[PDB]
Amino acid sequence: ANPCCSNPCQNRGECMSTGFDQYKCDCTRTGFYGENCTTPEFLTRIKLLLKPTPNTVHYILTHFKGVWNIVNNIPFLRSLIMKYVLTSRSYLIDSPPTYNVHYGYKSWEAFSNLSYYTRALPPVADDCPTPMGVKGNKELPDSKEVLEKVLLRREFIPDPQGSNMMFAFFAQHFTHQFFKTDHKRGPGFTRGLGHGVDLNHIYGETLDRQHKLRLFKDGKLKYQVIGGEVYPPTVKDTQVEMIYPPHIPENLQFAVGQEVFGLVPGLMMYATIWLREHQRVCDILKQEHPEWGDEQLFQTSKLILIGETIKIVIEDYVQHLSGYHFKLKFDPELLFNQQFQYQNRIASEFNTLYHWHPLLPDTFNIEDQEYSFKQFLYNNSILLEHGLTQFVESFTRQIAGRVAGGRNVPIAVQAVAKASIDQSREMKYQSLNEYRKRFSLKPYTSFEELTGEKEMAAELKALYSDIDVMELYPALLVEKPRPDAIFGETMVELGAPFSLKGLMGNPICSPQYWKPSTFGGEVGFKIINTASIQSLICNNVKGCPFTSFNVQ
């Protein structure tokens, strides 16, 4: 009933109800005035003209490999480039944070409550006429239906980018320190109050936990030597609570530091690689500092490891996932002379668009056998029986599924995408078009425009009817992959702003933290400065197995 229901306020302006039937727009600092923040300010026009389309840039970025190579070799130039991408990307996200599940308005409660996931777009008034506002029907397409018609995988489609198993699992582990829904509270609630890259998944959510995980000696994390290799310690010994099916014989209930990481040997693989990497930096710091004590060694390592993580996530993981030609660089300084908030709050939207279940294949082939989900899930023995070398080897070579494009959701993880559809529903999310407009993208004129193909398009049109009523999660998967890539524009445009904030806006990236001393010396500083997914494995895996986020 609320006049704002129809999302009248265009151009990022703010709608406020002003008397039951009438509403008002806060066109403040938008660059547009008038009833709906519709008419641009003259200078706005100037910018609007020059604005190259993301795809144009995308082309230009993905092409000219040689021109690009010159750039990658003129430091002054590269950094110069790195900066641009770094800034532009950020004017898009809200910092400090604004809305959420419950607050369509700004409120202190919203701003202060760290248990919520922030929201990039306000939810929809519970008193509106239709779930997407005013457009659509008393209801939305049946979930189970949308799930089956355009989502579920028939024949495994591989990723045309080469993303292997080392990658898909890395992204699972990585995002799983910040995406940690508090189901007991509801979706929209995170249990990772850190709201960012805090390596909580390695260390424990709380100091109480972290302490049950630490050896308190040379700063080392606790661990055990099975066979001749190092593995996380027993839940039995450390007493840390972990999630494990009753049939697990204990004795294999690995501790780690993120309760759920015991349900997929792909998590635990990495969770043992980083455990291994902790002690490693310890022994390095401890050499360099004969005079340091346990707690300092520890505290400094957790910092370097975060340094590495951000290093690897920008220069390998994102670099790959982008398919850019221009080498992205992790250099905290490009921002040192820019306005930039070193704070971050994970948005449910980011949590949502990151439901990349399509990466999963149908069997997990660890050099010699192929296992089903039913054989992989909650089964350490596999990892203990295969070792990490012949696990890194096997995953380096094993393409993963395309995410965007169409029907590639594993019927196993089907229960999941169904839920994903249902939750965003309950979290009163908004139109996919709205989000497109929000991230300065032009809205799809037809389901057919969204898909690029026509079977699904018309198949969707069957249920959604108006494109301006098509949801966000589905269309993210049921969408037209840009060239031979894994995602479509929408997924690339909503996620990149979200990703470079929680990555760049981290305390260790702030001027007061960015310097040798913070990390234990010039040594530990370069540890961060030379991190790579190849080195992570090299130093920690049995025989410097070659690796990459690409199935060669």
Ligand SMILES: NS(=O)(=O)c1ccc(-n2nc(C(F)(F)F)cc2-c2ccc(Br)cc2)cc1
The other form holds:
There are 2 protein chains.
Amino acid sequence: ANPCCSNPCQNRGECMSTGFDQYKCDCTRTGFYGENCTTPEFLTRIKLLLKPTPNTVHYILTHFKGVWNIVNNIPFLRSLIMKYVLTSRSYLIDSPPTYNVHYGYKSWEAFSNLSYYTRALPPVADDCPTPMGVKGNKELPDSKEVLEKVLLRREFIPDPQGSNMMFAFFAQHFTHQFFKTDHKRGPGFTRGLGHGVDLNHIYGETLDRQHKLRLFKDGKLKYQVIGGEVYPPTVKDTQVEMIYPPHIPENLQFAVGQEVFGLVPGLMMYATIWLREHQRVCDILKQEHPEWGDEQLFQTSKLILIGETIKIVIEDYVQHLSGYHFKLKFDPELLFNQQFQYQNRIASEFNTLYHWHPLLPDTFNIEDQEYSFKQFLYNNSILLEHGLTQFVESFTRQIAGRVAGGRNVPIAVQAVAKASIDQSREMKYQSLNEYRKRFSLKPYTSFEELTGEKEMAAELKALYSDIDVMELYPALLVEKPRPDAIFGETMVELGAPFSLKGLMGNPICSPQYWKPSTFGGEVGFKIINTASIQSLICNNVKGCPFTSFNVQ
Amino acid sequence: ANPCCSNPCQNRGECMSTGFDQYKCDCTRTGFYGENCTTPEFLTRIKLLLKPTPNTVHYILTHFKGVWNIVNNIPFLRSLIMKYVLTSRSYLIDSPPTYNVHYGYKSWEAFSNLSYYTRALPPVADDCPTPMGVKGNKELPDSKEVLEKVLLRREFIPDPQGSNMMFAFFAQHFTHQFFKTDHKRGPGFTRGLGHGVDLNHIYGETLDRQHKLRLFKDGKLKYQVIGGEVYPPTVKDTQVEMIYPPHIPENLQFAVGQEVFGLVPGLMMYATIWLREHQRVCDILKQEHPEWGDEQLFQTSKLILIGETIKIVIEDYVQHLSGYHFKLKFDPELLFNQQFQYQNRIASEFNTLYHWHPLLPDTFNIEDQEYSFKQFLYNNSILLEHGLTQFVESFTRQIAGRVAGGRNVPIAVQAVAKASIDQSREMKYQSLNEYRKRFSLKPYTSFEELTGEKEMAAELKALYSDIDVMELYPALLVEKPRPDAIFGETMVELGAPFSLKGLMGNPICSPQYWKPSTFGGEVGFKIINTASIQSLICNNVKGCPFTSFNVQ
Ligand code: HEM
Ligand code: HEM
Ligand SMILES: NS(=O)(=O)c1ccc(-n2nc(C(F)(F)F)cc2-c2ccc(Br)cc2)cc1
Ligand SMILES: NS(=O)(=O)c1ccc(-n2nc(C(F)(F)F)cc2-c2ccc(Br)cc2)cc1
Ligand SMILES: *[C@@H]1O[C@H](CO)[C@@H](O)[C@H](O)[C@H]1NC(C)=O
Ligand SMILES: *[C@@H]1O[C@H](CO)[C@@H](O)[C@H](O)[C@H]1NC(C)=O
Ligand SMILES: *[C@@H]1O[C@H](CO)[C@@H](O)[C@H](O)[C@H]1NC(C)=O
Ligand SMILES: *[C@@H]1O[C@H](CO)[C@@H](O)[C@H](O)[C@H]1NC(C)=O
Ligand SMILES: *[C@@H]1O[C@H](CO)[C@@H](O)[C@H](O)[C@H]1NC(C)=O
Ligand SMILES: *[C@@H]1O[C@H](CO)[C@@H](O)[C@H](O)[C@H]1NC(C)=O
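For comparison with the form solved without the ligand, would you give the structure of this protein in the form solved in complex with the ligand?
The next block holds the full complex; its first chain is the one shown before.
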């Protein structure tokens, strides 16, 4: 019934049910007017008729090495550039957050209840004619008819950017502090209440849990020595609850912080990395402040690490996943003179679209041995046996799958990829084009437009019929990759904005926190600003292995 | 021991313990440098040597009626002015919030734990030589040697601004959504987790409770008809827990929302006001959207009411409490082009300094009768008997005490006034001057400077000895009143900044929410912007009595 079913209002205008059969578009603060918020004000016209495509943008940004070389040299230019990528990229986020799974209208419950995931686009009214609003059939294609037909891998497709397993597992561990779906409540419900890079994954989801992992000495995190290496405390020792198969030796049962992380040795490898990083900081802090107490050292360290994390995640991770030329820069002071909300609330889309299982290899090959999913998952001795350095090295040299090519999901994790499809449907998501429009992209004219090939296109077209009924999730993995990109424009466009407001819109990035001392000193401050995944490992791993987020 | 005990760093520079015996000042982002952040950069000099005193500011603002008249006529001027009062006033707030009772250093716990009250000035290190850091004696004056000597009232002193009982009880009910100290945890701990004007006081502190008050019909709040007037549901009826003396008839036991509000008939009078306002909106919304459901009408209503509340609290409450000439204006779009954080976290100072018991009369005189505290407190039949209109009228005509004159605290509420003193001491607060400096005010040279008279000055001087050991709280009520002001500069300066970021720094005030429709329509939006305490009553109270926040 709901007259706004049909998503009438374009250009961002909010739609409203003015009488069962009627609706009105709140074109307020859009650049357009007229019943559907579509006809522009001259200024708009001028902007529009002078705006370059994310691709025409991407081209420049990925070409002209030498020039970008010159820019990367000129500091008073790199910053100008960085400042801009930052500023514009995030105008697309509604922070303060609007909407969630149960609120299609602004609502204070949608604003207060931190247990939800914000949502870039309001769900589809439960009283609509079709699940995509008005277009489509009484039902949508079947999940497996998309999962198998268009999503499951045949031959392992390698990423054309050389994303290794170091990167792959990092993107998993990292995003896993904010992504934490509270399934007991349902999809759309999170447990990463601190909506953002709160390093909760290392430090326990609470205070109570955070305490059960702390040594309460020199600001240190509890650890344990196995043969000669520091490994996380045991659930048996520090009663911090974990998730482990009812047979794991109880000596495997590592503690780490984020309760799921024990289900994959890659994760557990990274926690052991950071666990060690904390202490390492703690000591530095401890000899810069011989008079600090445990609680201070601890509280200052978590700040520093977070500081480091935002650096690596921009200077290395985004830098790699971008494949630019221009050198991205983690510099909070760049946003200081601009309007910015040092506030964030993670959406469900960001979660969904971040399901990068296509990154996953068919064998977890730790040099001089390859393991099956069945063997790698929930394994104690794998990590303990091989060693950290022999993980760092294996992973530096191991191509991970390309993401948005088509049909590259590990037949194992096909179940997950399944859920994703039929779960995002449960959460009543919107059509792939409404999202494209929403993120200032132009909707696709054909499944063929979406894919850049004919085979799948026709397979999907067969199923979905209308392009305007294609889903955000599938369309993302079976999307035409920009050049030798790991994924296409649609992925890259919805996610860039979301991934920067969670990094930058973080208290430490605030002008009130961004100063030495907040980090114990000038010292601590100059740890954040010298961070790199390269150092993270050379500082914490038995050798000082070379590493990267690229396959050498 | 802590080298930062003596609060060395001036001009905002954060102080840090660099070695037991040493410290450094983080003059970063201040206008000053040099060991203590005190010597200015030329630009600073220029600003300073060109900035007008809050008094030299106040004078203009309270004088020249005719000019201000001209201004209040010119809309393209009033706004310019309003925009300014807004912008500058709040540069003084650390949002994102830094500090709380347990954190003298930035800390992530201080940032995360929403159960705390932020704190404009960090507490005094528990290892200091004197409770005020380094100045003063092993102890401070006694509470009663201040409570009695300088704070308890003798003759009722009337406010020179004509603040009536309508205003008095409004300032109580209103601030009582944000102020809600969780004493079980201790002072410094709140229960108004939605740090701000979340109208939780009308709607229950939760979701669970909010449900136990709603009708789940037409978006309406539950009510009950007693003789002919709508009065809140009964605890017995709506199991919403309340706080009532173990003898109250169980028919008194009104529900309303904020659990304490039953302990004073004035509070209960105002809740009954709003309860009725909700419904009144709900019906308007209900015949604007004949197709809305209860949950939508309810969710849209709370937003409109909040909208109204911010209007009244600026346009009437602040407007009256200011005694300006220039017509303040609630216009969220004024901050749209300025850097602003639509985010807030209520401090403990704001709470403490807002203890305006001096406002309280010795008799709650509802025309043709006068009640004792003993009688007015927790009374059923008072309100039910007299009626709302006969409360509105009594209160419009009833002068309330002056606040910051000296010695005007009701001997009843002396206990509260006591707590305040020795509680803010518990929370380890700082000297009256550190705060004055903190809020860009010049510290006092004598108790005499503080008071503007000689009697009390010497009585306090006797006690405190050093002016620099005078406390924020007492010095606030025993402070020299600006002209015919209800309180002086110190109160007005710490609070103005705090009271605006809680109003403006609210999601609905955001450019993402500030549009029609968010409020159900242009209609709902045009309720917020036509709001007034005058209307609030004429729309909800049996007559349509004239009212104000001034004694006629
Ligand atoms: C050993 C490899 C991995 C396994 C076995 C695995 C398994 C799973 C499973 C069981 C789910 C839940 C199913 C659902 O979403 O409905 C899931 C969710 C997810 N996975 Fe993985 N995953 C792995 C690696 C990764 C990596 C490398 C990334 C990150 C780049 C990733 C990102 C996600 C995301 C974002 C979700 C949603 C998390 C949430 O709901 O909060 N996964 N994965
Ligand atoms: C009938 C008049 C009133 C009575 C009997 C009363 C009584 C009290 C009592 C019992 C307390 C708790 C003691 C403590 O703080 O440790 C208190 C706290 C407080 N009162 Fe009042 N009060 C009255 C009016 C007011 C008014 C008019 C204001 C506001 C302008 C005010 C503001 C406060 C504040 C801010 C607190 C702290 C609330 C909290 O802890 O969250 N009071 N009052
Ligand atoms: N064409 S590509 O696939 O190689 C590609 C191109 C650019 C980016 N990139 N650049 C930016 C920046 F410019 F804003 F920094 C943000 C992201 C980004 C990061 C994480 C997510 Br999730 C989504 C986007 C990523 C991939
Ligand atoms: N000299 S005075 O006592 O009469 C006096 C003068 C001005 C104000 N006033 N003006 C403003 C505004 F200008 F920003 F609107 C805010 C406050 C304000 C409101 C609440 C608290 Br709590 C503290 C300050 C209040 C009293
Ligand atoms: C909005 O879309 C509807 C489709 O039914 C159309 O009738 C209406 O005229 C459109 N308005 C504008 C401004 O595009
Ligand atoms: C959030 O909302 C859901 C649904 O109303 C509810 O079950 C849950 O209790 C809420 N969470 C909080 C913290 O109020
Ligand atoms: C776990 O690792 C051990 C030794 O590293 C291996 O024998 C075993 O097969 C692995 N677990 C599974 C389930 O394959
Ligand atoms: C800075 O202030 C502190 C206050 O404790 C004092 O010890 C120090 O001598 C001052 N230094 C200067 C240069 O004013
Ligand atoms: C806030 O801190 C206090 C003291 O550490 C603790 O009792 C309480 O659980 C904390 N609140 C939350 C929500 O963590
Ligand atoms: C409550 O009010 C009634 C009637 O207004 C009055 O007679 C009675 O004394 C009051 N209660 C107390 C405890 O004084």
